[PDB]
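Novice: As a plain string of letters, each chain reads:
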Amino acid sequence: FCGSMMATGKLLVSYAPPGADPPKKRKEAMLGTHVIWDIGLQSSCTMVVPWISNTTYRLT
Amino acid sequence: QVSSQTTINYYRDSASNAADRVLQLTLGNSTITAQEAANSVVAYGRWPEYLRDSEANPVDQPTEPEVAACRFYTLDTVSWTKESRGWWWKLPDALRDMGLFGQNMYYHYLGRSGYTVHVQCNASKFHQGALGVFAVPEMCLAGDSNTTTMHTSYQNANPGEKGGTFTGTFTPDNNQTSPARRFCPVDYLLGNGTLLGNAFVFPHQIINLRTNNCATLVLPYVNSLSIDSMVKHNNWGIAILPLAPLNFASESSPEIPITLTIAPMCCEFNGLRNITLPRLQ
Amino acid sequence: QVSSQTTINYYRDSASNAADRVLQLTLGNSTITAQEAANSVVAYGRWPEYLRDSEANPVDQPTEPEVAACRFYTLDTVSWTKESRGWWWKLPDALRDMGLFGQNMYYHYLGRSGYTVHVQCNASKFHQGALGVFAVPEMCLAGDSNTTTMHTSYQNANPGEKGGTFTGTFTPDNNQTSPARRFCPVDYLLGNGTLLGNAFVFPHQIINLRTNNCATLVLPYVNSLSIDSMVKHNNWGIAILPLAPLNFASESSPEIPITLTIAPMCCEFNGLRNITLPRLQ
Amino acid sequence: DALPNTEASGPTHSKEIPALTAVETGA
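So the sequences go chain by chain: C, B, B' and A. A prime marks a further copy of an entry chain.
Position 56 of the first sequence, counting from 1, maps to 175 under the entry's author numbering, and the rest follow consecutively.
The second sequence maps to residues 4 to 8, 28 to 41, 80 to 341 in the entry's author numbering.
The third sequence maps to residues 4 to 8, 28 to 41, 80 to 341 in the entry's author numbering.
Position 13 of the fourth sequence, counting from 1, maps to 37 under the entry's author numbering, and the rest follow consecutively.
Once the Cα atoms are required to be at most 25 Å apart in a straight line, the calculated SDA-like pairs of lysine to any residue come out as: (1) B':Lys185 <-> B':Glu96; (2) C:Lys143 <-> B:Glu221; (3) C:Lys143 <-> B':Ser289; (4) C:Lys144 <-> A:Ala43.
None of these hints come from the bench; they were simulated from the model.
Generate the whole structure from the sequences, applying the supplied hints.
Specialist: Below, the structure written as structure tokens:
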């Protein structure tokens, strides 16, 4: 978060595996994997997108 | 038996005898973080636990969803304008159309569950206010009609995730033809008829915008019964009331949003059957 | 290495090297009984098992419904008139609107599960007929259009619990404007294009009305992948074809009903998210 | 070489907050 020091807030970073409607509102995104990022002091947040796959590998 | 300061029992039956800021918590696939949360309240100092057979009334094998239902659902957000008196959400009635927990509670007859409620509200250093979040057990609320008692309807007493609101002043439902059968809880009386000041006896936290922006409550399962119907009985109830009104830079229209994130914990169910399809509107 | 009838490997990569009647079974809150069921078939001699970490592709914690989804759901009943050629239900596509299993498979991205299929059809000692129930793995079926290949639509290839039927004779979908994109599997070819007689290579049982009135099949989870999407890939497929036509007391209109009762076993899910709302009609 | 095994994990309530970091450093 490259913003001012007095800018505080929160964000939701969501990963939703495939096979359904892509998220378009916070209502649907939370149901998948999600992380709530607080922008208070630390400027960074990490979302580890896990390995969910039917195949052992994915085509590029 | 000569007791200290001759006690002889003459009747077989016993009744006849004489007389800190940082927090990050993960539930299932959901994670919550808060860098300025002022610790957590384990309501009544009891962590939620699965039903123990030593105190198990029903026999049927219990279905525990585990990860699929013990997740953090974020209920809708509500604006904390200056002239707002409070809000109240009954549980588990709030999580009735939330993911698979709603499906499980509607399908299964009996169900028990603890909760983890995270109330989130953040404001700048220049904002001024304070919320109080109380987890009222068996939270009842007063009706709107002085001509009848206990007349509230199921639809109006279970708003869902939308929640309810506290009204500044009482107003009788004078309509005698088609009574609204609607809650009218006065803000300072807390609805039950008690006083707000004493409401701190309940498990509670305070979200003081100068100090903390979050409030975590781990509510165990309290009930006269080990397991009880979830569609009828609402065990707990969250009431958020602003102890001190919002204020900001002498501005007469300051708004900030308040969000709730509730996670069922150690939720167990019994008695599967046709799915309840209640009338709510 | 001097092997018996000098084998030296020159290339590091390995690819470069040279070359009984009585039965009663309980799943969850469901129980099935059959006094004249001719034992069970553990398809391929493998009982369904939970995913073992030694062969686990995804990392996410799996949600196993256990009792809430490993129940016996009775699909609709079908009349076995004299001039009926067969029926076919694809799994788990059949259990898509059955209790909480449908909800779990729609909510979760990946899902694996075995099944226990109990086919029930009872007739008097004076009835004459015989069914064959085959659990076809990866059951494909031929299309109806000779002008296109693999043109069937999702809606028509996944009938649901209603199932499908085998047609006596092939009939091309001559409509070139709006092709029906609908399966047209010939009964004796089994749909795939093979022959019915050889279809006994698949796991199978025979419901011979003189001997037995039930057929139990324990189908494990067979798939190229340890876990795979349940809304796209239909692992197994049940095909019921009457080997010998129904007959009764020289009566030309004999009907008896056939019922299916499918119980998911050791069903596991991963990848929770917004709920799939597919187009089916 | 066999890549690291994906070890098991469960619900946690600690304050280590490994998720949040600072990219300002070069690590």
